[PDB]
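The other protein chains are all here in position, but one chain of the complex has been omitted.
Naming follows writing order (A and B), and every chain is counted from residue 1.
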Amino acid sequence: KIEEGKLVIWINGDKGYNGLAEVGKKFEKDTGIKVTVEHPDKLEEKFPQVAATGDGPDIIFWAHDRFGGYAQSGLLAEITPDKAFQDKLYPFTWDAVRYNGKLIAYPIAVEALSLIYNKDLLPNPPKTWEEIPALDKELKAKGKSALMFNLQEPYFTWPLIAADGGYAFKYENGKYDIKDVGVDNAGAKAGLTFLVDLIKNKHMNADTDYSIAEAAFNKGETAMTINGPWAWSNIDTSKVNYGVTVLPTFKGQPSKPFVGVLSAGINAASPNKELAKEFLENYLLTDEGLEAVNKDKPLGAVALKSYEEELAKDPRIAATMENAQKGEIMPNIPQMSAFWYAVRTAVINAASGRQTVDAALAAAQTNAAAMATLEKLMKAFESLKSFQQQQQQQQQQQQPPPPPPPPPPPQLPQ
Amino acid sequence: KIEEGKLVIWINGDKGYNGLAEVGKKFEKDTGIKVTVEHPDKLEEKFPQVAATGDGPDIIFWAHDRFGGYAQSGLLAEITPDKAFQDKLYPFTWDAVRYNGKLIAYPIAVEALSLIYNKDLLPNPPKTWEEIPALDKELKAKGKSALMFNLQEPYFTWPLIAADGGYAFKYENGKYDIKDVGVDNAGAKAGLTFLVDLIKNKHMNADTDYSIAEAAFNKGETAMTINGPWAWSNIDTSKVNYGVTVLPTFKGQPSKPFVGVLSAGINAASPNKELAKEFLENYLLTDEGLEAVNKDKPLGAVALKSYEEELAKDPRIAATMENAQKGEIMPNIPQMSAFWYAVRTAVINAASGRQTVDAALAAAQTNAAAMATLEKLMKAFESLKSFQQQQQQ
Partner (left out) sequence: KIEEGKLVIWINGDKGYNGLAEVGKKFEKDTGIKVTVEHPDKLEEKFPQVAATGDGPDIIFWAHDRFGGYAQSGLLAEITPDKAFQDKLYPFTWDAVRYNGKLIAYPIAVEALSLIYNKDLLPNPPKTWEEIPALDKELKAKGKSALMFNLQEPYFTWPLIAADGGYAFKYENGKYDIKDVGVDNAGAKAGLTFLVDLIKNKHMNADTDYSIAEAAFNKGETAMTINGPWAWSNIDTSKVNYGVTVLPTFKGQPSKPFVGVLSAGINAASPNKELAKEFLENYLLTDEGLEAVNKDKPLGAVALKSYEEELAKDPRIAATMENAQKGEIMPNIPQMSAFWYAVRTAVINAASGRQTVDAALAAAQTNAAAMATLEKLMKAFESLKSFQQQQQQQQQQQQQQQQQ
């Protein structure tokens, strides 16, 4: 809970919690305040439960895109680092921890998709998407393919579609304009067109998923793939002489991958907000702190400028940061749920031929507002029923509103 | 019974309708136009039924908050008192009778919660909320409690919550901005926290409702309660030496109770709009008009400045007008229905520990703004339902 006089930290099991515990000991040595690090199962699901009743950890570690939902439910304390501390980190990461004007977390690490290439098949990676078709028929002559990446998930296909001017929601002040959606502009249109052309000219298969794209690259069957820092360990094992580099340009514009930021938030119910802020600002977000965490489990690229420059000596890490700098910070707003489902269908339908490019993307725009507001209404029936639970004396699994009558007037009058 | 050459007035049975008929005989004397006053059952429900077909009274009396829904359905005629008539009343009472720029009703009487205290247990009432925890323990030593009021309805708990900067919807031009909700700001957050602190520090019970809060004050078991002019008649009966005063301040700010304004609206279907406006401006909203109504039933505080000053000699009425002047005029808009159910759940959950202050209020701004889809959904279903039952049968 609160944990008055101490600090309890939740961080996912797959991270460097042992390294974080070691910063905890260093903090315990100069202050006498003991730090407890734990990694419960599905802590991103548990936090919304316990924090709503004033319990839980003092500080939570998760990808920034979950925090928008938390801050909306008032579960995170507004943080106030002064200007001096802010300049210690990359200015773009602060934009990943801002919910409606307010700063609600500290950025730790940075993730983004990169171009991963087989050095032995490709001496040098293309700087340009446009030259991939030419490159594929050069490698096909050797029974090899140029590129294979997951086409089923928008996360992977977005970098291209967004390249010439697409975007999820327009951001211009720490606040996302939810009626300015850019899935239906000329830039996005140009991007998805190129992608569909790649599939229909047989340079790519419409059924390529994560597993198939990973198996092909790790068996040296394909020259290139698009993936993030979590996929590297498997390529090390495959013994593929691989490189990680900046994504290819399209129509002269860099690709725009989604940027996910590991963030540290303070529970709005913690009485140890001061302790937590001193721990994060002066012990963890330091070269010595991140180093200790990194040693246990690599963070990839980090938000702190000083330690990032030390980690950039690895050209894989330097490439993940450079991609992220030219990429699009993933909106933390609830309307993103709609965007995922809409663009998923728009890409799958354009790819298979079921729909055209212009139609698939135009339908997504409508599906964005339609599915997005639906979530607001779904919360209304879910809050009206929830009020009834606490009034009388899984269970909420009800949800009626099934009256959508379609009036079809007979416009005959001849 | 469309009227035509006569005035038929509607007003609730609990009001000075016999005093109103006395002004209606006065009008009949200088005009030869007979005034009929009636008080049918659930008139506030019947009025929208009959007015939508072009029937019912020429003029209607009810709290200003119901008038928003009426004027939205276009059942009220616009009124035009000139600059001279408007300055006879308190400026703020005109803000209660404004529906999207247009004035639709004449303000009559003003209602707000006040601090009612036992003079025999409390010499001077506390000017400050912050000092009540200290006053309770001083009274717990004697087997008494400092304060007990209804914690179940947000009408009673709002004064405190809104004190430091909370508000329902932002008003700034005879028009409410329905996207500017103030249940989740630092003002509301500071207020509700204080209220919950009281409950967990056992200066208050989470299960205190209207009945329990009234019983306790009327048996002298508690030194203070918060209530309105309607409860006065029961405290007289209990023989408690009581006082009515301005509500305590919080963080230096005055408490902000909701303001209910009893108002007179003219039926849009009434052929007697001119007669009505003459009766209301020149006969009823005068010292003698309101007196006649008041002698039948007390209005409490009144909108007319002149007659308010004569009534102000009662310190109970004097405090009601002070509280109402520092309070918030209850929005007349349909989005208020959402506000009631959401803030009500928010306070209940915060008090019982089921949810924190920050969490209950942040999810209150969702429930209240998200119940607006009910407005469009339930109104669109229900709207189309009427046409279904007409086209299909």
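What we mean here is this: a contact is a pair of C-beta atoms (placed from the backbone, for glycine too) under 8 Å apart; a residue touches a chain by one contact, two chains touch by 3 or more.
Asker: With respect to the chain omitted from the figure, which of B:5, B:13 or B:74 is a touching residue?
Answerer: Residue touching the chain left out of view: B:74.
Asker: For the full complex, which residue in B:54, B:315 or B:353 touches the chain that was left out?
Answerer: That would be B:54, which touches the missing chain.
Asker: I'm checking contacts with the chain that's been left out. Which of A:252, A:400 or A:409 qualifies?
Answerer: Checking each option in A:252, A:400 or A:409, the one touching the absent chain turns out to be A:409.
Asker: For the chain not shown, which residue from B:33, B:122 or B:268 touches it across the whole complex?
Answerer: Reading the full complex, the residue touching the unseen chain is B:268.
Asker: Take the complete complex as the reference. Which residues in chain A touch the chain that isn't displayed?
Answerer: Its contact residues with the unshown chain are 184, 345, 348-349, 353-356, 358-359, 361-363, 366-367, 369-371, 373-374, 377, 404, 406-407, 409, 413.
Asker: What residues on chain B make contact with the chain left out of this view?
Answerer: Residues 51-54, 72-75, 268-269, 373, 375-377, 379-380, 383-384, 386-387, 390 of chain B touch the chain absent from view.
FYI, only the chains that are shown with their structure count from here on.
Asker: Mind checking the centre-to-centre distance between chain A and chain B? Centres are C-alpha means, answer in whole Å.
Answerer: That pair's centroid distance is 49 Å.
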